[PDB]
Amino acid sequence: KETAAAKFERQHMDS
Amino acid sequence: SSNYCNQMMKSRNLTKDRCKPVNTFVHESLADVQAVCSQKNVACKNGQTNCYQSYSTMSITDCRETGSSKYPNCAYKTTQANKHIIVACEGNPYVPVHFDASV
Numbered sequence: 001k002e003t004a005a006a007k008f009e010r011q012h013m014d015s
Numbered sequence: 022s023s024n025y026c027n028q029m030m031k032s033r034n035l036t037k038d039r040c041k042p043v044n045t046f047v048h049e050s051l052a053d054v055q056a057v058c059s060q061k062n063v064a065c066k067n068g069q070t071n072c073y074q075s076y077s078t079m080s081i082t083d084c085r086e087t088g089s090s091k092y093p094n095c096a097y098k099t100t101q102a103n104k105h106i107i108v109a110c111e112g113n114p115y116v117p118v119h120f121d122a123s124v
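Chains as they are written, first to last, in the authors' numbering: chain b, 1 to 15; chain B, 22 to 124.
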């Protein structure tokens, strides 16, 4: 379900 | 909270199935991070060729599991930095899918 791009955002992005 | 990494590793589900040993959070805009996929091409740590290094320094926070940390009671040390990020990019659109390193 969760895309690779979305997993990257969840794991690594905190704007 | 009194520990950014403890809070974020938990809320982003990075302590669900185990304690992720190390993780980096990047504080820049999504656009700035996605743009890195068009910046400096460098080798990935695994030998693949699809990694990109940011031309600019970026605000980041490193999270590293402590020695006493034991799943399911995970615990982290928080370290702030300003560094160039290296990400692996894939797909169409070509976007970041892995965090490889900071330098």
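There may be inaccurate statements among the hints.
[Unchecked claim] Distance condition first, Cα-Cα at most 35 Å in a straight line; then the derived DSBU-like pairs of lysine-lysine:
#1 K37(B) / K1(b)
#2 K91(B) / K31(B)
#3 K66(B) / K7(b)
#4 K104(B) / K7(b)
#5 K61(B) / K31(B)
#6 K98(B) / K61(B)
#7 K66(B) / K98(B)
#8 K1(b) / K104(B)
#9 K31(B) / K1(b)
#10 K61(B) / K104(B)
#11 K66(B) / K1(b)
#12 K91(B) / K1(b)
#13 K98(B) / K1(b)
#14 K104(B) / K66(B)
#15 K1(b) / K41(B)
#16 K91(B) / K66(B)
#17 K37(B) / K98(B)
#18 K61(B) / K7(b)
#19 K98(B) / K7(b)
#20 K7(b) / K91(B)
#21 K41(B) / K31(B)
#22 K37(B) / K66(B)
#23 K41(B) / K91(B)
#24 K91(B) / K37(B)
#25 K66(B) / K31(B)
#26 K31(B) / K98(B)
#27 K61(B) / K1(b)
#28 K41(B) / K7(b)
#29 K37(B) / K104(B)
#30 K7(b) / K37(B)
#31 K66(B) / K41(B)
#32 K7(b) / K31(B)
#33 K41(B) / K61(B)
#34 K104(B) / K91(B)
The hints are simulated quantities; they were obtained by calculation from the structure and are not laboratory data.
key: Agreement of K91(B) and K31(B) with the hint, judged by alpha carbon distance not exceeding 35 Å   = holds (14 Å)
query = Under the criterion that the straight-line Cα-Cα distance not exceed 35 Å, is the pair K41(B), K61(B) satisfied?
reply = Answer holds: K41(B) to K61(B) is near 28 Å, not above 35 Å.
task = Measure nothing beyond the straight line between the CA atoms of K61(B) and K31(B); if it is 35 Å or shorter, mark the hint as holding.
result = Holds. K61(B) to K31(B) sits at ~32 Å (cutoff 35 Å).
task = Decide if the proposed pair is consistent with the structure: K91(B) and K66(B), CA atoms, cutoff 35 Å inclusive.
result = Cα-Cα ~27 Å, so holds.
query = Is the Cα-Cα distance between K66(B) and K7(b) 35 Å or less?
reply = Between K66(B) and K7(b) the Cα gap is close to 20 Å, so the pair holds against 35 Å.
request  = Assess, step by step, whether the Cα of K41(B) is no farther than 35 Å from the Cα of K7(b), and give holds or violated.
outcome  = Distance of about 14 Å is within 35 Å: holds.
ask   = When you check the alpha-carbon spacing of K1(b) and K104(B), does it fall within 35 Å?
value = holds (32 Å)
message = For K66(B) and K31(B), compute the direct alpha-carbon distance and say whether it is at most 35 Å.
response = Within the cut-off at roughly 27 Å; holds.
message = Given the hinted pair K104(B) and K66(B), is their Cα-Cα distance within 35 Å?
response = Satisfied, since the Cα-Cα distance of roughly 17 Å is no more than 35 Å.
query = Are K41(B) and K91(B) close enough, with their CA atoms no more than 35 Å apart?
reply = holds (11 Å)
request  = Take a quick look at whether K104(B) and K91(B) sit within 35 Å of each other, Cα to Cα.
outcome  = holds (29 Å)
message = Can you confirm whether the C-alpha distance between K98(B) and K61(B) stays at or below 35 Å?
response = holds (30 Å)
Violated hints for the displayed structure: none, as all numbered hints are satisfied.
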